[PDB]
Amino acid sequence: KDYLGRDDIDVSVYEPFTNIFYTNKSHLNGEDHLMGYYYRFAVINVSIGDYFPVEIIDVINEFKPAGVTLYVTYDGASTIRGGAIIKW
Amino acid sequence: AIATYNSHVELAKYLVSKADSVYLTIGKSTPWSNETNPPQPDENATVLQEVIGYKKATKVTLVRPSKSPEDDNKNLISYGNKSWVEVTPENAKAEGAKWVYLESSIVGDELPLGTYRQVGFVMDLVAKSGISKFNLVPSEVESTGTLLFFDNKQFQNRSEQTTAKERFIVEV
Amino acid sequence: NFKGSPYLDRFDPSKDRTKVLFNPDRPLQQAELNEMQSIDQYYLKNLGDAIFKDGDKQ
Amino acid sequence: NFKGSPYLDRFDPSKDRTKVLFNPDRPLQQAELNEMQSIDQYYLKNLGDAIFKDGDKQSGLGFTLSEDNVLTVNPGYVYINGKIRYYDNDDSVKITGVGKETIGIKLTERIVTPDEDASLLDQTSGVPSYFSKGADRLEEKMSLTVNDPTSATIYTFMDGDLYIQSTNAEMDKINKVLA
Amino acid sequence: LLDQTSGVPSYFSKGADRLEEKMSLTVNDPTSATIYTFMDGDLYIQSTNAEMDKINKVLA
Amino acid sequence: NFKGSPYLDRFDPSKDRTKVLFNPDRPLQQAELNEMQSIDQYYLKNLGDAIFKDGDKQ
Amino acid sequence: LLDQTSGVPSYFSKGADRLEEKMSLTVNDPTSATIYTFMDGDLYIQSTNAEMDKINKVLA
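Protein chains in written order, with our numbering: chain A, 1 to 88; chain B, 1001 to 1172; chain C, 2001 to 2058; chain D, 3001 to 3179; chain E, 4001 to 4060; chain F, 5001 to 5058; chain G, 6001 to 6060.
So that you can see chain A by itself, here it is in the shape it has in the complex:
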C-alpha cells in the first residue's frame, strides 16, 4: 500500500497450508486439498487489487521472511472501469 498510491485498494495474503487435507476434520469434497508442493507450509500467495510494476515483487522480497516461497495474483476485477457487471 506504500508502494502503490493509496490505502483503499484490496490487498490480502493467502496461506494455502490452512487448506491442507487432514484425515478427520477436512471435508471430503470440501475446500481442502491434498498436501503437496503448492499446498505447503512456508508458501504465500498475495492478491493485489490494482495494476503494479513487477518490481513490487522485489519489494515483497525485502519484507517477507526468509525461506518462504512467494506468489502474486493480479485480480483484474478490481481494476475494471466503473461497474463491472455487463448487460445484454
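Errors might be hidden in some of the hints.
Unchecked claim - Sample of chain A residues at the chain F side, in silico, Cβ under 10 Å:
id, residue
1, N29
2, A66
3, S78
4, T79
As the list claims (entries may be wrong) - Restricting the straight-line Cα-Cα distance to at most 25 Å, the calculated cross-link-like pairs of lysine-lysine (PhoX-like) are:
id, chain 1, residue 1, chain 2, residue 2
5, D, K3019, A, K25
6, D, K3173, E, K4057
7, A, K25, G, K6014
8, D, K3173, F, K5015
9, F, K5045, D, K3019
10, F, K5045, D, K3045
11, A, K87, B, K1018
12, E, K4014, A, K25
13, B, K1133, B, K1074
14, C, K2045, D, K3019
15, F, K5053, G, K6022
16, B, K1128, D, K3133
17, C, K2045, D, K3133
18, E, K4014, D, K3083
19, A, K87, B, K1028
20, C, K2045, D, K3057
21, A, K87, B, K1082
22, F, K5045, E, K4054
23, B, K1133, B, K1067
24, F, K5057, D, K3083
25, C, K2045, D, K3141
26, C, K2015, D, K3133
27, D, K3133, B, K1018
Stated by the list, open to error - From the derived model, a few chain E residues whose C-beta atoms are all more than 12 Å from chain D:
id, residue
28, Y4036
29, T4048
30, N4049
31, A4050
32, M4052
What the hints contain is simulated information worked out from the structure, not anything from laboratory work.
All C-beta atoms in this analysis are idealised placements derived from N, C-alpha and C, irrespective of residue type, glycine included.
Given chain A, put chains B, C, D, E, F and G in place with the hints provided.
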C-alpha cells in the same frame, strides 16, 4: 410480447450448457494510441487485436447476490464491491439466479510472457487434433469461435511469479 | 446402482480402468474412493466366478 | 513406473508390508492411497498366478478365420497379468499361413487424465470442488499379436491349421497335478 | 458409525454408510442360488466335499 | 488388535458388511479407510482358504 | 514413511503407519504352518508340484 424472468434464467442455463467450450483469451500486446486512457471497445469486432493465447475457463456457474441469514454460512464470492452466493443449475429457477459468473486464471508462463491490454471470454473454441492441454497459443487453435464479452485495459505485465486472474459477472 | 447422485460411483467394467492414481495438490473425491474398492471387488468376483459357481457349498 | 514424482507409489513386494494403518488428525498422503490399492492388487495377482497361466482361456474366445487368413477372435474371458480380463476387442489380424504361427494377446498400459476425459472431473453438485481436477486412471487394453514372444499365447497354428484344441477352461497348475 | 475418536474436530460427526448384504433362505425362488434339491421330501443329490463347477467339468 | 484406540477399525465378519459407501461433504474417518482394506483382505483370505491350507507349498 | 513431497522432518511429515509381517522358520512349534516333516533326520513325505488340500480332497 415481452421477455420473462424464466426466459433470462433459460438463457443463463444455455450459457451454462455452453460452458465446456468457453476459453479465456488476452491480446493487444502493443501500446494503444493513448496508453494513459485506453479507447472504448468496438462491439462489431470479431477477434481481439494481437492475440497472445487462449486458456480454458476454470469456472462457469450461476450466482445471485447474497442475503442474510440464509447465505451467511455458505460458500461466497466477492465481486463488484458486493457479495455473491453460488446457486446450482437445477436450483436456479426457484432461486431466481439469472446472474452468471465467469472466471479463469493465467498461471505463470503457461502462455507467452508479455504485456497485454485486452481480455475476452470466447466460446465454441476448438484446438487441433491431439492438443488436449487447456492452455493454447493462436497457432494451435482450430476454431477461434465467438467474441463474447470482452473489454480493454491499461497495459499489465507478467512473469513466472505472476498470476493473472480474470473474471466477470453478467446480467442475462 | 451406485452411479447416482448421492454416491456417483464411477466404476464401469467396459472401460478397462484398473487403478485410481491420485495426484498431489488436488481435492479428494468420494467417487474415487468408491471406485477404488469397486475395482478390487469386481476383479475378486471375476476370479471367484472363474472357479466356483453361485450356490456351491464348501 | 509409479515410483516417480507424479504419483510416488511407495509399494514394494520385498518389504513384506501388507496394510496401511492410517492415524487421526494427520495430513493425508496420496502415496498411501496408491500403496493401499497396490498391495491388494499384488496379492490378488499372486493368488491368480498360483492357479492360472497367462495364456489360459476360461470361456468364449472362439476364433474365426477367413479365406484370406484374416483372424478375428470373439469376446471372452482370459487370465493375463494377475487378473482375469474380459476380452471384447474387434481385432482383424492376419497370418502368413506358412510355418508355425502363434496368436497372442498383449496388454498395454496407458494413463487417462481429466484433461483427456472430462468425465473424470468432479461432478458432485453444489460443492467447492465442483469441476475440479482429481485422480488419474490406469487403462489397460488388450489387442491381438502374431508371433510376438512377449504376448501371452492363446492359439497356435501350423500351416493355417489349428494345432491344439481346448474345449473347456484351462488351468495350468491344476492340469499339472491332474496329469 | 459415528466417529468415536476422542478429542478430534470430527467427533460424533456422520460419515460413510455401509452396504449390508444379509443372506436369507428361500424355497422355489429362481433368482436365489440353489443349495439343495428335494423330491417328495427326499434329498435328491448329495455332495460330501466342496463343489467346484469349472473344476468338475474338467474332471468329468 | 486394530479395534484399539489409535485406529478403531470397525470391521467384524458377523455384521456381513461388504462395502464402505463414502458421502460428500463429510469427515473421512481413518477407521473407514482401515475397514475399507480390511474387508477386501478378509474376503481374499476366505477365497484362499476355500482352495488352500496353511503351509501348502507352491 | 514420511512425506516424500517435502522430504524433510516436520510437523506435517508424519502420517500412516505400516503393518509388517516377517516370516520365520521354526522346528516343532504347533502354531506354525508345517511345510515339511522329518523322521530321524529323513524326509517323510514329498510333493513334486503344488499342494492344494481342498482340491486333493475332491480328487481323492
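Against the structure, the hints:
| no. | hint | in the structure |
| --- | --- | --- |
| 1 | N29 | holds (4 Å) |
| 2 | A66 | violated (36 Å) |
| 3 | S78 | violated (31 Å) |
| 4 | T79 | violated (35 Å) |
| 5 | D/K3019 with A/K25 | holds (23 Å) |
| 6 | D/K3173 with E/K4057 | holds (16 Å) |
| 7 | A/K25 with G/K6014 | holds (17 Å) |
| 8 | D/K3173 with F/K5015 | violated (36 Å) |
| 9 | F/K5045 with D/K3019 | holds (14 Å) |
| 10 | F/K5045 with D/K3045 | holds (14 Å) |
| 11 | A/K87 with B/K1018 | holds (19 Å) |
| 12 | E/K4014 with A/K25 | holds (12 Å) |
| 13 | B/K1133 with B/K1074 | violated (33 Å) |
| 14 | C/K2045 with D/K3019 | holds (22 Å) |
| 15 | F/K5053 with G/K6022 | holds (19 Å) |
| 16 | B/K1128 with D/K3133 | holds (22 Å) |
| 17 | C/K2045 with D/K3133 | violated (30 Å) |
| 18 | E/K4014 with D/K3083 | violated (36 Å) |
| 19 | A/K87 with B/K1028 | holds (24 Å) |
| 20 | C/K2045 with D/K3057 | holds (17 Å) |
| 21 | A/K87 with B/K1082 | holds (17 Å) |
| 22 | F/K5045 with E/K4054 | holds (21 Å) |
| 23 | B/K1133 with B/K1067 | violated (39 Å) |
| 24 | F/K5057 with D/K3083 | holds (22 Å) |
| 25 | C/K2045 with D/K3141 | holds (20 Å) |
| 26 | C/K2015 with D/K3133 | holds (19 Å) |
| 27 | D/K3133 with B/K1018 | holds (19 Å) |
| 28 | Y4036 | holds (26 Å) |
| 29 | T4048 | holds (20 Å) |
| 30 | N4049 | holds (16 Å) |
| 31 | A4050 | holds (14 Å) |
| 32 | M4052 | violated (10 Å) |
When held up to the earlier numbered hints, the structure conflicts with 2, 3, 4, 8, 13, 17, 18, 23, 32 and fits the remainder.
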